[PDB]
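Trainee: In case you want the letters, here they are:
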Amino acid sequence: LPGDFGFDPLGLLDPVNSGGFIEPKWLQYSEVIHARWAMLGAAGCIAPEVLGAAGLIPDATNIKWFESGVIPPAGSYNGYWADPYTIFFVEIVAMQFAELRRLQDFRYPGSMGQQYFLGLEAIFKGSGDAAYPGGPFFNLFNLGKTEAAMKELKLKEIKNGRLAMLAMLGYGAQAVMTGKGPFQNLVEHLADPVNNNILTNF
Amino acid sequence: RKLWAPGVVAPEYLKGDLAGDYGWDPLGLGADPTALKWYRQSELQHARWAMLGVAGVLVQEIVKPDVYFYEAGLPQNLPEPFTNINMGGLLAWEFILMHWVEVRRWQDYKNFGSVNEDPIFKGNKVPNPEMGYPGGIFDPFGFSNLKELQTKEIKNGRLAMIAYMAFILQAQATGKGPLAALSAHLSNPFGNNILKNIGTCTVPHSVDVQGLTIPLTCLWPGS
Amino acid sequence: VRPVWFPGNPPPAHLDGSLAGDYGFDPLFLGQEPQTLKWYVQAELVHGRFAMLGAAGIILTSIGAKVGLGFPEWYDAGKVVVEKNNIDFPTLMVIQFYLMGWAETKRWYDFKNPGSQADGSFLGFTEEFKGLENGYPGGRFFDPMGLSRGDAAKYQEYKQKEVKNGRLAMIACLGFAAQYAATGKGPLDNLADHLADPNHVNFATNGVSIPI
Amino acid sequence: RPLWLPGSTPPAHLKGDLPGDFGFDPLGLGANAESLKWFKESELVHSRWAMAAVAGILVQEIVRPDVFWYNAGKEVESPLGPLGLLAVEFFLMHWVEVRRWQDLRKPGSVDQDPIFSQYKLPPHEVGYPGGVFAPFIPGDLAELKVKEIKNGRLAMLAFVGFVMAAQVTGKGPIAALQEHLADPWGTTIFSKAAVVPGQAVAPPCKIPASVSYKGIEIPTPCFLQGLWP
Ligand code: CLA
Ligand code: CLA
Ligand SMILES: CC1=C[C@H](O)CC(C)(C)[C@H]1/C=C/C(C)=C/C=C/C(C)=C/C=C/C=C(C)/C=C/C=C(C)/C=C/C1=C(C)C[C@H](O)CC1(C)C
Ligand SMILES: CC1=C[C@H](O)CC(C)(C)[C@H]1/C=C/C(C)=C/C=C/C(C)=C/C=C/C=C(C)/C=C/C=C(C)/C=C/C1=C(C)C[C@H](O)CC1(C)C
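So the sequence lines, in the order shown, correspond to chains 3, 5, 7 and 6. Heads up, the deposited numbering is the position in the first sequence plus 60, with the first residue counted as 1. Under the deposited numbering, read the second sequence as residues 32 to 175, 178 to 256, first letter to last. Heads up, the deposited numbering is the position in the third sequence plus 28, with the first residue counted as 1. Heads up, the deposited numbering is the position in the fourth sequence plus 28, with the first residue counted as 1.
Keep in mind that the hints were calculated from the coordinates and are not lab data. Warning: the hint list may mix true and false statements.
As the list claims (entries may be wrong) - Once the Cα atoms are required to be at most 25 Å apart in a straight line, the calculated BS3-like pairs of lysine-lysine come out as: (1) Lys94 (chain 7) / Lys220 (chain 6); (2) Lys182 (chain 7) / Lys220 (chain 6); (3) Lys141 (chain 5) / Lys43 (chain 6); (4) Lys229 (chain 5) / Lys124 (chain 3); (5) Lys205 (chain 3) / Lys46 (chain 5); (6) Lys234 (chain 6) / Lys94 (chain 7).
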């Protein structure tokens, strides 16, 4: 329902004879999950380049985003507090807890507010809906107290998210082809809009 | 009645019964009342020890501006009578007396109204009207109404908690005390900023005390 | 109601909560039959109790090996005991088989026939080899201080503590084995290395546990 | 009724019936009554041996200095042989101990003297014999039993303090107290050893090695020597 512009050429939200992971409840929910992770991905892949061009962070940091240690063939950064596998095991445990309790609220709605979790149970009651739990932490400030304002905010989240998903596919494509960063691509396209395009870099 | 942000609805267990109540609990930690009583007592303890620590670092830096409170704990940096003292025996004194007073306050939490009397001299007693507010010989001047003074106490205490962890944070970053860092920001506000001094911990990396080496700790991987 | 090993999923029908350590953890359904679950309860308690005794031996001998007392490390302890004493190996192994087979077989046939070892056939003893519950043989020999027959709710608390410490010691002994197989060192030497460099000395730097 | 923690509640099996009952049983080791009888007897016997032990060590260090009580068994001399003394102690203690244990397991069954049938010990309670064992009593038993268990608990703690202070310092109790009075800030257990997550330091053992007595070569280890601070 948020972002319902009627664009479905391949007919995947058909309720008749559905199942598996092709389902309205799974597809809309994975759409907002990809949207939120791609907003964070777009801001995170921009921010070192613009903060190193603005002169706010030093030049030991501000490296290109694919040289962070995501792809050690593309380049790594020594200066983290540990090795990237030592980081990645903490990521495994932390994201396992987070994503796995999120999965359990999707499969059993409201079931994350009974078993003792350090007093963190009223926070994870959720709603009668996936993708938008709310509560005192997932909705810190009560934004969307009006139902129409809540619909408008969901639609803005959908549109900013789809734009950031296109932007993150863009960051991957440009990063593979021209071998530079997206802010460097901004600088080159704003310097020479004619002589710096996709048609030049072939 | 004002809350921590406009438009936010306070929880149902936050009502105004406790002092300093802005309806702010985004994690729902005080949803169980026994846990809420425990965290109220821990809030009072952190607030009072942090007010004492801020007033400490403030007065120590004002009176003797060569102490450097972040290195005041060393045996060499001690006052006139005992300035090469045995830190073992010092910690022994502290362990015994603090374990005493701490277990007395813990039994006050467990059984409210059961450790008011002096166990040695049986004609002495403190009336505590609320938990965490002993009174009597702990309130010798006796201004206790009590509610607005409790609000002043918890607001000053929250500000001093933020201010003391600020003190430790600035002192690890730029290596100086709070008044010296304030004088540096007044000397230049654009240079000597948080934008520049961060990223380098001035933590001196496992100071050797008299026999043992303490591992040292910065709050962020500066190095 | 009760905390499950995996929050959100209901517990299985054969795990009710009457047992100590009952978290509803049986994803392979190995204990659907009540007799098989009874036998696995007793096997869990025996593995746990051996792991607690073994892990306490590992920890105390490793403390006495790092502090300079001359204690071996546990992967060399049996060889140095047999070689520094006047002990031949297979006779001590056979005497172990005799004593452990006697005691173990008493445990086996008290599982089979539940009150039958208290008949008096062993030397004269009656009701001191009768069990109290499955895997809980408390009489005068096995519970001499007598905690299972006073303050029954506190005894249920001790059953819970025993099962939790036993599972913790089973994964700790699997620890010591894996730690030795990776690093080739004493386990409290490994703990000293982790206290020395936490960020840099770990399983992601041993070069074995993740071979990438 | 005073408690080990003023304000708490005692366990439900502790009422105030026994002397020295201050409601201290965190592990619940006396919820069985049949166990609690045995442990009351064992508490009385440990307390009496420890009181006599602390009196022996104190009077020994006062009267005869330059004799270390941890090494009195080594440096004592007698024409009385060691196995002869051990045999006399073995038979006479086996006698006395089995008499007391028979009074425990059968209450009031060894009251009568076996040699002299005139003399019979009066009815009593277990642990508190009376009669010729108690010819002179000052005051009342309802307070003297409390005094006996308090002094005995304090002397049990005193004896394990003597053993640990002798193994860590190497001196007697009075000499160690003179050391703590000569340097109170500098001679404590906090002042000798500490464990930090970086490194740990333990005091050196002042009891050297296996002790060479007359051919036996008694091994003499220190108690939990890898676990001292
Ligand atoms: C090869 C034979 C085959 C066929 C004909 C099908 C057909 C189907 N599958 Mg099945 N499936 C298969 C193999 C197959 N699957 C395998 C091997 C697995 C295990 C991974 C599954 C597990 C599976 C699940 C969990 C689900 C299905 C579903 C479906 C139905 C809809 C899928 C769809 O069109 O969504 C469009 C497809 C996508 C959105 C995913 C495409 C991208 C993924 C990563 C696959 C990439 C394939 C590509 C060749 C990989 C290139 C790699 C290269 C670039 C390195 C359709 C009936 C769904 C269903 O039942 O709904 C009714 C459903 O939920 N399948
Ligand atoms: C010598 C052994 C010994 C024994 C058998 C007892 C037995 C008893 N004590 Mg006593 N107690 C002792 C020594 C002993 N005590 C000492 C030295 C102190 C001074 C610290 C006390 C202080 C004390 C108080 C205040 C009270 C008792 C009470 C009791 C009775 C009920 C508690 C119970 O059931 O636990 C049975 C106890 C045991 C089975 C002994 C524990 C054996 C474990 C396995 C060893 C653990 C000890 C550990 C290593 C620490 C050693 C000392 C340490 C400082 C190095 C019971 C008759 C209560 C009472 O009198 O009510 C009627 C009571 O209120 N005790
Ligand atoms: C609509 C429709 C309809 C019809 O029916 C059919 C069809 C056609 C099929 C459909 C379509 C679809 C589409 C188009 C899709 C697309 C998607 C995407 C692009 C995604 C991405 C997505 C993406 C995403 C999530 C992403 C994310 C990202 C991230 C996190 C990142 C991160 C990072 C950062 C920060 C920085 C550093 O350096 C590191 C990293 C790590 C690198
Ligand atoms: C439950 C379930 C259910 C579902 O249905 C399915 C599943 C999931 C499959 C399952 C799970 C399972 C598991 C996890 C298991 C594990 C186990 C273990 C680890 C054990 C150990 C166990 C362990 C053990 C006994 C151990 C023991 C030990 C010992 C004795 C030791 C000894 C020793 C010592 C002292 C020292 C020396 O010098 C040497 C030695 C000789 C070496």
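Trainee: It remains to establish, for every hint, whether it holds in the given structure.
Mentor: Taking the hints in turn, this is what the structure says about them:
1. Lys94 (chain 7) / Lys220 (chain 6): 19 Å, holds
2. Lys182 (chain 7) / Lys220 (chain 6): 40 Å, violated
3. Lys141 (chain 5) / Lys43 (chain 6): 21 Å, holds
4. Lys229 (chain 5) / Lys124 (chain 3): 22 Å, holds
5. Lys205 (chain 3) / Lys46 (chain 5): 22 Å, holds
6. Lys234 (chain 6) / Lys94 (chain 7): 20 Å, holds
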